[PDB]
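Undergrad: Chain by chain, the residues:
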Amino acid sequence: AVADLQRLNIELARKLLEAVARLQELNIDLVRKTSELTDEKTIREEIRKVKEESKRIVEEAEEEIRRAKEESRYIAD
Amino acid sequence: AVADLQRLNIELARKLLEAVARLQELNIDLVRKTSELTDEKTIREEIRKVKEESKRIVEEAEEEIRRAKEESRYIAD
Amino acid sequence: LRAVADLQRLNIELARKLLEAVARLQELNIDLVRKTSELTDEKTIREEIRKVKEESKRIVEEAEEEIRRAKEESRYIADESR
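Protein chains in written order, with the deposited numbering: chain A, 6 to 82; chain B, 6 to 82; chain C, 4 to 85.
Where hints are given, some of them may not hold.
[Said to hold, decoys possible] Now the in silico label distances, taken between C-beta atoms and shown as ranges:
hint, chain 1, residue 1, chain 2, residue 2, range
1, C, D34, B, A81, 40 to 46 Å
2, A, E64, C, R5, 27 to 33 Å
3, C, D34, A, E16, 37 to 43 Å
Hints were generated in silico from the structure; no laboratory data involved.
Just so you know, even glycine gets a beta-carbon here, dropped at the ideal spot from N, CA and C.
Build out the structure end to end from the sequences listed, making use of the hints.
TA: Structure representation (structure tokens):
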């Protein structure tokens with residue numbers, strides 16, 4: 006069952022990479038918006054929003070890994 | 006063969022971390038320069054540059070997973 | 004109980020640590036941006052930058068070290084077989 010488990014890891018690498026890519030675009034955006042704003046109350050909402058968004062993304066990736074792990078177990082029998 | 010496929014997976018994980026590491030120094034550089042500058046046109050150019058550089062890095066990592074996908078196929082048969 | 008199933012969990016453990024690294028770095032980056040908006044003294048800001056940089060390097064090196072473990076542990080599993 007070597008090819009199946011291998012395909013699984015390739016899938017995983019893609020998930021984590023996409024998460025990494027989405028977090029990067031989030032950080033470029035947080036820096037861009039912060040440079041644009043002067044009001045600190047307003048800047049704090051952008052930061053608070055990026056933070057929870059980042060948290061959603063990390064959690065999504067965490068569940069994907071958990072699912073890849075469970076699927077490995079079944080393929081293991 | 007299993008050992009070769011695992012070697013492939015270790016290689017891939019390392020390259021994904023390398024992309025993560027390069028993005029982080031990029032993000033750190035972007036914040037540093039933005040704190041240094043006041044002119045927004047110049048700041049937007051720093052932001053634009055870091056962004057395209059981030060995509061290049063992201064695109065290379067995507068190609069690497071793709072290579073790893075091809076290579077795994079060849080080895081399993 | 005396969006050698007392959009054990010190699011597989013090694014990779015699962017490996018993806019987690021790297022994600023954990025990415026998560027930690029992401030929080031370092033947001034904190035640095037937060038403090039940057041809060042401060043006007045450049046000396047202070049540059050110190051916060053140096054701190055995040057050193058912290059980010061350690062996290063990356065911690066992850067590089069775990070990869071070296073996975074690689075070595077994987078080798079060990081090679082002769083070990085069903």
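Undergrad: For each hint, tell me whether it holds in the structure or not.
TA: For each hint, the structure was consulted:
1. C:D34 / B:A81: 40 to 46 Å: For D34 of chain C and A81 of chain B the Cβ distance comes to about 44 Å; the hint holds.
2. A:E64 / C:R5: 27 to 33 Å: Cβ of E64 of chain A to Cβ of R5 of chain C: about 31 Å, so the range 27 to 33 Å holds.
3. C:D34 / A:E16: 37 to 43 Å: violated, 32 Å
Of the hints listed earlier, the one the structure fails to meet is number 3.
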